[PDB]
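Have a look below at one chain only, the form deposited in one PDB entry, in structure tokens format.
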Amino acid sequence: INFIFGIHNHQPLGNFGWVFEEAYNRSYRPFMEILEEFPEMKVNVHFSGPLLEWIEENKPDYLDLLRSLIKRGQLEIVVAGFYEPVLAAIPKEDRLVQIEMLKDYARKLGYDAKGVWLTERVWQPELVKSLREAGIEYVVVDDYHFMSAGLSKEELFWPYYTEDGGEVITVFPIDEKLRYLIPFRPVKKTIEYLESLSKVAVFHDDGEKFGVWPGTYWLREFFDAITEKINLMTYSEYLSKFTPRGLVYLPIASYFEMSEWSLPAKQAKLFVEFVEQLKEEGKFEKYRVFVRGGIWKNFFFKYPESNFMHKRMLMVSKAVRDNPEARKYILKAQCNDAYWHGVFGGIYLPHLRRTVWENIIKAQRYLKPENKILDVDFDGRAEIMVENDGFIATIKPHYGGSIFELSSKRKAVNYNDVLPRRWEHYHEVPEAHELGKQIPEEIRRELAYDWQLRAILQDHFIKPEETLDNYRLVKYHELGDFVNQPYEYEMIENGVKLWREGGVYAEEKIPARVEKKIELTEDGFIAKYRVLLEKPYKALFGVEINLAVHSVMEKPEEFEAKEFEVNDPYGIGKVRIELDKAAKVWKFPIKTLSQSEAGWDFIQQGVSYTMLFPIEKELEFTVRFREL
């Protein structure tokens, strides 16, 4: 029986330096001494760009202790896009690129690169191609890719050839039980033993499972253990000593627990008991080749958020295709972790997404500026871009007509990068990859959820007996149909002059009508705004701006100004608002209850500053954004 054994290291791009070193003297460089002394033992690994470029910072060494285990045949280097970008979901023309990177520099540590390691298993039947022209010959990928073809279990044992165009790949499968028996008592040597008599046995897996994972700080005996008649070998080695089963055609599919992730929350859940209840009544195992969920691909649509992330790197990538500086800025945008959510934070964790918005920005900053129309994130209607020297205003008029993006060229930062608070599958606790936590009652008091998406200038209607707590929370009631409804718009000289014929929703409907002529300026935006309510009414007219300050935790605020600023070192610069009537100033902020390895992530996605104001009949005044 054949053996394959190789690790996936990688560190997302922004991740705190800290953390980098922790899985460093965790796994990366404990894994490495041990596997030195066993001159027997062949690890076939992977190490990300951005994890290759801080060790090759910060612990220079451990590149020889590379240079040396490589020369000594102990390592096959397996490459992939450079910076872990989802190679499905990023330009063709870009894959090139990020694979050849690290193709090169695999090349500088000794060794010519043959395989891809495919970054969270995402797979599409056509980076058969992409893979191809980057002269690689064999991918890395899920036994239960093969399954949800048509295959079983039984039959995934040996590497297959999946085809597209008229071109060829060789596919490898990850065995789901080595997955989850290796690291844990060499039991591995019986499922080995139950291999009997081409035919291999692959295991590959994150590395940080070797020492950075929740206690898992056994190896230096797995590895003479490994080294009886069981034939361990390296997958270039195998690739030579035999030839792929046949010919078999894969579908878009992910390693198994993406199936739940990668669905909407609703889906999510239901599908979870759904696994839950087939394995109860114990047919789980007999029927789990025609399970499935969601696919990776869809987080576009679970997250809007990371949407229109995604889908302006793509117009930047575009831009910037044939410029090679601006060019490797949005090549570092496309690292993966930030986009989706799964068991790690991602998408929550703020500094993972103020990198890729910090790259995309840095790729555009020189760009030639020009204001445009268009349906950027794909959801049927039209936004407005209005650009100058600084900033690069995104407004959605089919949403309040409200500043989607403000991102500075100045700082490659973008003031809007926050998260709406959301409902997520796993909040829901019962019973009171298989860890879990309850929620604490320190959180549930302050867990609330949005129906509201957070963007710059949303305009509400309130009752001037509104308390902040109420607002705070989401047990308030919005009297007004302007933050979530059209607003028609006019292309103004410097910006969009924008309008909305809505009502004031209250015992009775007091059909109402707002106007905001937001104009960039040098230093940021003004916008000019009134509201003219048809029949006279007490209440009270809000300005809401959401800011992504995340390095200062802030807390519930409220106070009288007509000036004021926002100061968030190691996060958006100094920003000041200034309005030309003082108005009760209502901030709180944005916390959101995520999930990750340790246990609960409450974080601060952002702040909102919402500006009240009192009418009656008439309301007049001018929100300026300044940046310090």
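Here, rigid core means the biggest group of C-alpha atoms that superpose within 1.5 Å across both forms. Positions refer to the first chain, counted from 1. Compared with the form deposited in another entry:
- Superposed on the rigid core, the two forms differ between the two forms by 2 Å or more at the C-alpha of one listed residue only; from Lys189, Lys311, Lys409, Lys297 that residue is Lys189.
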Contents of the next structure:
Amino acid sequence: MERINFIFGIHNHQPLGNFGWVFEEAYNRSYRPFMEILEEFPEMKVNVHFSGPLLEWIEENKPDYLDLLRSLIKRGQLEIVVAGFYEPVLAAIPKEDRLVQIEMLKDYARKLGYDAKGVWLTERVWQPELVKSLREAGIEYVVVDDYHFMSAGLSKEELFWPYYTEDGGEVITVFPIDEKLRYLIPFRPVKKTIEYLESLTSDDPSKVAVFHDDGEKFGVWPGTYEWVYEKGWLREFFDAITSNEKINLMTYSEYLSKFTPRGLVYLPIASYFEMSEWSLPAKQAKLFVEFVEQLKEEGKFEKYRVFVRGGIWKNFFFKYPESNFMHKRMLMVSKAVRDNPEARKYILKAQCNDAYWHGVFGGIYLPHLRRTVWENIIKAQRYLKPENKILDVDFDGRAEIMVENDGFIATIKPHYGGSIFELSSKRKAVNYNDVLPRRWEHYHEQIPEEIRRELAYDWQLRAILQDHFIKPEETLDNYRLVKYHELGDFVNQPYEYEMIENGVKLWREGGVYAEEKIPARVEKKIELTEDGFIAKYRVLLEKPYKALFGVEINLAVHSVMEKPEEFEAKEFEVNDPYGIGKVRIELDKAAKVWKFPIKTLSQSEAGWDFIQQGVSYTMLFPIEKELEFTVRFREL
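Same protein, different condition: the form deposited in one PDB entry was shown, now please give the form deposited in another entry.
Just the single chain follows, nothing else.
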């Protein structure tokens, strides 16, 4: 009967902030061999997308590769597919930024000798209004998953054709990635794809099956290089796929030049299926996984998958407050910097998606990806005149206080212990509080014993200047892990405040609960200094009681494999060369200092990830009725 049309595509992306060797390995393990083997089969057509940073790393290091890509473009073997230059999730960035981001990559594709008409949707996060944006960028089609169509209401059998979708009276074509093909290519034996595709043929000559996935699958992921190249899966596939008379190879643009989309369809906010799991808060994700697994155990997943639903990507901002804070801070700067091309480039770089969420790849859990985002938010903001302001930054209904001078930007949350949640250095372009609290992930609970004994989950968010109250006999380990007895209620409770020149005055009428409620009061005077900040404390208990007042300061120390340690100190220094650099904490009175790394257990593509997201430093001072001291943070 009719031949089945087949579209083959890959997506190559490397996030800003990745280690140098990671790009190098991805190139020698996948980007290069894949294209070298592609050149051996003149009839093979591939639809490829390269993220901007990747193309820049390649220009600087592997120039010859680009001539190879130009050559393959010229012989009709490659269609260049674009997206936002720095791989941002389009739906999560200002519409104005979407245009500039896409146009930057279209300019690059143009330099390779191709007029890009298609967009690879980053993390396939779809929102109806993206039609307007893509259309203004001159994009005629976007790639999405078959799952998006199933969520709209269509069955898999009507997903072997692209469709139109509209919004604002504007339309754009949409191609669905066949989930089956993602399963088959390239990990299942070659003949399995040939068999699956041959079975799709019909009397409709426009029918088409689409495969589009991570290029990293062809060499980078563990065990794939041996499978794809050493054992020859790719050469065997290119040979079979270009010989089969029932399978017609073509690029997206080629398909559209010969067949018109099947019809009109509307899509919901969705992503590829796997994202439904991760984008859910921990507790629900576990349930979701249970449901999905219990559907396969009862062999009824296939006929009922079209009705399974989970979370949406944007809710990572709910799951991870730190990501939300980071995101809203960048939206804030993007707007204020929109008219300054130089400053704006930094904010566009900050929109690289990877550090804002967590699925299987570390993402937000990788400190180096996170500091890169902050680094860029800070550099973009440094162009603005410093100004103090009170406003709800992360939209939780409780205004933040932003104090700033020529060298720093501090964000205080009165509602949460009157602590500093952001201490950004304009000189180092780092956020000293670029840390993450320890949380349970639905995939926890197999974890080895060594890591198990070090696992602990926080109940407190982690910031700078968090006021504690503990028993004199309390131990570090108890505190290190989350066992210790917290006597005060000032860590996660609101404080009143008063604005003062160069700072803020906060105080809280709380209490010290032990055997009875001993009402207490905490007063803290925080002022910005040219090299950090100074905080003057005054703790007062209504009635005598022997305890230890503690001021905790969390820091994004990342290159200092620190370990539990306690010592007496009036002043101490921290040296984190690859992280926050050098800083010094000065007290006007010796204190007991407890120090411990904030350890997180994370899921990755290559085993567990037990990462130090920072180090907690908490100065203890004995108190019975009255207490007074000063803590000064100094940037060196």
